[PDB]
Amino acid sequence: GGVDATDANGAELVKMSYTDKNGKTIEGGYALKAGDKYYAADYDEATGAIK
Amino acid sequence: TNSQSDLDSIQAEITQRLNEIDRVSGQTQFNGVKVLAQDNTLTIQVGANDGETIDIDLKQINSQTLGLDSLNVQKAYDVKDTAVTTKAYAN
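Listed in order, the protein sequences are those of chains A and B.
Using full-length UniProt numbering, read the first sequence as starting at 305 and increasing by one per residue.
Using full-length UniProt numbering, read the second sequence as starting at 103 and increasing by one per residue.
Hints should not be assumed to be uniformly reliable.
As the list claims (entries may be wrong) - Computed, partial: chain A to chain B, Cβ under 10 Å:
#, residue
1, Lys319
2, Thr323
3, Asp324
4, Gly327
Hint data in this document are derived by calculation from the structure and do not stem from the laboratory.
By construction, the Cβ of each residue, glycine as well, lies at the ideal position given by its N, Cα and C atoms.
Please construct the entire structure, taking both the sequences and the accompanying hints into account.
Here it is in structure tokens:
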């Protein structure tokens, strides 16, 4: 789907949390941090499936 | 005339009032906008024209901007240190 294989192998799952200018942080979905790009990947509580 | 046990209570009141004016300006908001926490310009689009902005203005008013982070009316105390121990009948 994106970037390159070397960078893709490197990325590990992280939970995104956006912060405004004001100060309250909004929580977002899961993502796959490939390189420094963010991938809209979904993590299932059961097992370890990362879709 | 006021004793130092008086000045302790007056300082307790003064620090609670200053914590309160730090809180009520730190976390107050109209539509998620902290009005007194930080200094910036709010521009109002008051006209159909592009430059019709009336800008409201702010000053950080916390305890450091007002300059009330240090307020001691507590005078001074003299502390004496006396050693504490447990005796022994070992002679």
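*Among the hints numbered above, which are violated by the structure, and what are their numbers in rising order?*
1 and 2
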